[PDB]
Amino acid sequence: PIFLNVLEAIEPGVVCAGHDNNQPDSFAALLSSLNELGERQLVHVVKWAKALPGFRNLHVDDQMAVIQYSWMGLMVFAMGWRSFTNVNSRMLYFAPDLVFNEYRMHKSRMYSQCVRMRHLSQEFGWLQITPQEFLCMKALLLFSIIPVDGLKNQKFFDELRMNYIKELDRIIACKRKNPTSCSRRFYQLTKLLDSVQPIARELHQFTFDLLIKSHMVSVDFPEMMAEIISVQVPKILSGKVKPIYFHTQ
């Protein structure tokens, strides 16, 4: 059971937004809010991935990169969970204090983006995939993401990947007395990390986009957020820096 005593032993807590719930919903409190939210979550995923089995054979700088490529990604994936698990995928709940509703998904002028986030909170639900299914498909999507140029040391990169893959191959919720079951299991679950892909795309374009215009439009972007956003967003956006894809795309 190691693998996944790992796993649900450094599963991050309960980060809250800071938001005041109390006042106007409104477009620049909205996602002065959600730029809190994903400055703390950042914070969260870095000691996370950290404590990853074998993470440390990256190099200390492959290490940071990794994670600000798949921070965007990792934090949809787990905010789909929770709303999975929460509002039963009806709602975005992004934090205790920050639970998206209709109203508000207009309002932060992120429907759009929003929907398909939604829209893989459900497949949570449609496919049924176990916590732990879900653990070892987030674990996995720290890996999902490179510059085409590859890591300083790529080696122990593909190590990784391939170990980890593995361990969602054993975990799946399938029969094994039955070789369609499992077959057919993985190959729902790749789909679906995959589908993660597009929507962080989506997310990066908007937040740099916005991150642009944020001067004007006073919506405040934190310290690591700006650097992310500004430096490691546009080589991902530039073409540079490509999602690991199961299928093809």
Contents of the next structure:
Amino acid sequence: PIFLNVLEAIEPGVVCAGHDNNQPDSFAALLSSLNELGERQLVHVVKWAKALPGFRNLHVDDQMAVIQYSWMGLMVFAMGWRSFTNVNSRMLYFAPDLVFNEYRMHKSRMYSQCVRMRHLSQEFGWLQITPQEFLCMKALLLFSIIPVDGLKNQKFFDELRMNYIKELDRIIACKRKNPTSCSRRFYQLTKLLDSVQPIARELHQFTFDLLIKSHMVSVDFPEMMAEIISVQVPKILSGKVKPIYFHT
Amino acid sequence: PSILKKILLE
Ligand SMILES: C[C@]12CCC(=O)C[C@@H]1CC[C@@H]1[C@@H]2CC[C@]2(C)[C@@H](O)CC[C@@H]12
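Instead of the form solved without its partner chain shown above, give the structure for the form deposited with its partner chain bound, please.
Let's see the whole complex now, leading with the same chain.
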């Protein structure tokens, strides 16, 4: 199971948000920390992504594009996984030192988006997602959103995507006899991956609005963050870059 | 970008 050996071997480690719990919760403090966390996890993503099977085959420019357009959905997915394995999707485990309880969910002014994130978190349990399905599914997320015109080398991006889809397909097909369960498992998981997009765009909208008035609410933005939210996110929000859905 | 780009072509 070479492909799996690789995914498991290159999975990023535990990342701390550097949040000062001793401080009273406050919109600015919570968001400033999520943005710092966002900036840190972004580093691991780039290293994780580049060590992916057949990834460096993509034109160096499409490597930036895909990473830049899909980090939100990737980070939200993993985070939903950490939540599920730690605080059992009861709360939201963004980082070891930044766990969201109902109070903080309301305090950050994103309770609505958090409710949907926690739902996703529960899905891992309800659907009994295995550690292997999670990894193949999360790889797929990286290839799940592109510009409507196409990347530098679109022909090749689609190839890589096909292979990753075929992998998630084998992961299910292994340890499973006959064929309606497989066919059924594949339907549930592609539906799960789809449900990630709607949540992602909500956060894109939220963070963009946030950055614009950041200096009014005292919320800090790291440099790659403030950079990506105004140079790549705007094109997702304006319909230039679009998610690739499995189902209609 | 510029800081992102560097982490990649790295
Ligand atoms: C991706 C992060 C940070 C990494 C993670 O575990 C998921 C979480 C989802 C909400 C994001 C946050 C990064 C900073 C954002 C984008 C805030 O600006 C508003 C929404 C926040």
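Rigid core: the largest C-alpha set superposing within 1.5 Å between the two forms. Residue numbers count along the first chain shown, from 1.
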Original post:
Pick from 106, 161, 175, 119: whose Cα moves by 2 Å or more between these two forms, rigid core superposed?
Top reply: 175
